[PDB]
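Okay, here we've got a single chain as structure tokens, the form deposited in one PDB entry, with questions on binding and movement later.
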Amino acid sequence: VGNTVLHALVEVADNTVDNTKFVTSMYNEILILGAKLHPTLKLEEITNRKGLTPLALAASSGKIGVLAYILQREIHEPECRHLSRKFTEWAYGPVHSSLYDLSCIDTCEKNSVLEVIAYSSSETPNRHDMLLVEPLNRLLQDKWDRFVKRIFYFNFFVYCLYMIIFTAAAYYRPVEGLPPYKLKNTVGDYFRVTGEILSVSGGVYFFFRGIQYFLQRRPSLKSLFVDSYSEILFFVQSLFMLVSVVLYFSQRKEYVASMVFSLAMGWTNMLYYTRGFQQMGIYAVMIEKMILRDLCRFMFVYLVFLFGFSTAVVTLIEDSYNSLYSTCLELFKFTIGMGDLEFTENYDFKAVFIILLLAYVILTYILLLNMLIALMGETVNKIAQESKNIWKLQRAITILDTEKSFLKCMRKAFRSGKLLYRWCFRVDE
């Protein structure tokens, strides 16, 4: 297959206890023997065919036990010490000054651990808990507090400012016919056009960030939304903004129709930032999961009921209200507690009409919505814990993005290590 044994050791694991201990054993034996035989050449550096070291492979596939072992390897023996992943400085009883190597964790130049674990395919079974392995959890916490937190809040703040400017520009849009509109020398219009230009500028910036994202990642349609959800939403916002520009200069009023959707998305995309706050990000996570997972089925069923009874009632009535659309709305309104239940007298067979509406109300307003709540009930009872960590996963994503951009034309964003050397990082735990 073109891979070394150490990768196959990764492939054969399954995160069970017996399996974990056995794979630990094989790692131990092969690493010590290889050290004794080829002390010049290091094995764990050697990549598989896809350019991943065994560490990154365990990270990529969700093999938490192997990964935990490899990150937690101390070698303190003659002629083997150089292969250690951690050491201990201070051997106090309750607390240890542990010291970890960061090789191929942030700097790998092919695929680092945070890269492969963070940007895995979403099938990776353990990406939620896998960051709780001590050195990674510690690094993300350190990077968060140290420099990324402030930049993230700045990004959130500037997004808020962008949205305030966009909202202000949109709300005070000119009302004349036939865009584009002449800038009047009054300062109010100067601010308006400035706001519009900044609004579009934000649109273009998000557009290009989205393109860079999809070009780098090349996600597939079958999993375009399971991952990459936020980026799609920002990208789509920008798409609507740009369409609004095109219509705005194409002498179409319809640009408003585009802008407002962008504006609506422009605001709701703020929830992207609430992700990464454990206290307040759970709603954004759960809205993502519900829309992607759960809305499709409920809304197919609901639309079957709405449409079926809608066409029943519109068939029944004859003569206002005679359109399928109007009756679709009138029957929708039962869902929002404003259904009139005798909204037309222009029809025949009152008993039929009322029986239909009562059947509709019982079927949706009572039966369907409660089953939605029932399913969500069992599910959330099962998956609150998984959302509570996918918060952390998105925080890791935020940190990786933050390091990638950094906007100084330099690489002085290192984490730690001031003592002889492979970028040691110290945890007192």
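Rigid core: the largest C-alpha set superposing within 1.5 Å between the two forms. Positions refer to the first chain, counted from 1. What changes on going to the form deposited in another entry:
Superposing the two forms on their core leaves just one of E254, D129, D189, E79 with a Cα displacement of at least 2 Å between these two forms, namely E79.
Annotation for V95: C-alpha shift of 2 angstroms or more between these two forms, rigid core superposed. With a cut-off of 2 Å and the rigid core superposed, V380 has a Cα displacement that reaches or exceeds the cut-off between these two forms.
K50 is among the residues whose C-alpha shifts by 2 Å or more between these two forms once the rigid core is aligned.
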Contents of the next structure:
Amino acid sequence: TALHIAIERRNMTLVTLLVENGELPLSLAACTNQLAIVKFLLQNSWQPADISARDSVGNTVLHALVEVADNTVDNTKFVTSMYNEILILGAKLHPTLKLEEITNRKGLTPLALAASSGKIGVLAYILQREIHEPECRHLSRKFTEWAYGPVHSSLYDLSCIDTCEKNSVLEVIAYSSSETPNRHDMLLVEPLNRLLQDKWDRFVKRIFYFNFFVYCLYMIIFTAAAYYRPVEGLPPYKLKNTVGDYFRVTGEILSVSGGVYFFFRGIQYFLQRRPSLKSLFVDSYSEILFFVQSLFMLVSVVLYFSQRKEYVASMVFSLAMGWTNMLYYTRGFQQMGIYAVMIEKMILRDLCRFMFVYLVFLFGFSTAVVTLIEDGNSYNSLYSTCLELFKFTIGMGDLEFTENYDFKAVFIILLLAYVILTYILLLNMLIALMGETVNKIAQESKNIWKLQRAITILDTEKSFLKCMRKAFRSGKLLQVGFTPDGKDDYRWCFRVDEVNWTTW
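Now that you have shown the form deposited in one PDB entry, what about the form deposited in another entry?
For this one, just the chain is written down, with no partner chains and no other molecules.
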């Protein structure tokens, strides 16, 4: 369109002429860093302009402005500034309107959309912004109720940061698809960090240490019940009149109850999140395993009741998975909570792509060796020779594992070539790649600790809504500001402490 083409052309004379006589006009002008035109467009003698009018697509002026943010320091400063002048102009025209509280058709606030998009700068500013002109401090968030000097206590609005019945600032930062570029560090901002720390130290630390204790108890019960399973006859085994048998039956029913509980808590999670298959493992990997080691026990139950003795095969895998899943509860520790994150990454990246490169070698040399052997031990089987070759990779093989071969030069050449390629070369580069992975996710991922605490804190908070949803509310309904209408702004503020020396 020409009327917007001229605006995008940085033309002021034509803009004024059109006034006399982002796809929206205001949004299109704003996104181009004209700035002064925004004020000129906002009000004009020929006709005024309105920002409250939402776009057909659903993005208002604020949504459009945050849309263009591309996480650049200069870009961050520009966008946050121009956002501030847009808010100031809106206040000047009519302070009654609440632009930020206004939302798109999809129910996303500018703060929530900034969080989901991953715009760290805009979210950081909006979360904490202090206005000094008292007549214009209504729409400020980071206050300074009292600064004694060395310490300058501050108050943060935290309206939709915690108590929000919609997508909140933390929910989006911890329950999203995890493709956002800076979710890892984006919750180190001023209010969120201390809010989550307070939540944990006050209300969630016990409810988590309790869950770990109950899980350990459940796993001990399950191990004891599985270890002492009857071995005579076919299931179901009729109860016997012994204290041990009844006590074991209690253990078994506890095991099955836990299994069904985990199955349902997994199914409800997968209906709540609807994770994409391509991102099924990357995002929620600690949630797939708790579901699978309950699927195993459900299969075990159905096999056990249907006159079958293969249920042990299922139950044993469930037991091993249940024990090895106690690394999900190390997220509550910084020092030891990074080992559960190294295994997760190495099993999915370093050990998943490297298996294709290895099974090729193993199968090639296995077929070679097995065809070389006449069989005229029973080593002619492909499985047996594929297992004898695997032992070489873990340093407990034996060169002379067969003699049915007619040719001794060729067989030993093949075996030595395999040993050199896999034991000495492939292993020593897989280990090198694991070195790089450990480097990375031990030097930069030291705050996946914080991210995992955010996820578990939100999970527990959602869990205990029935117990205390409104009561378990962070922050105090304190008075820090006054509205233009004359009412007192009672905001759910969160006290904060900070110190600075050089400023004096």
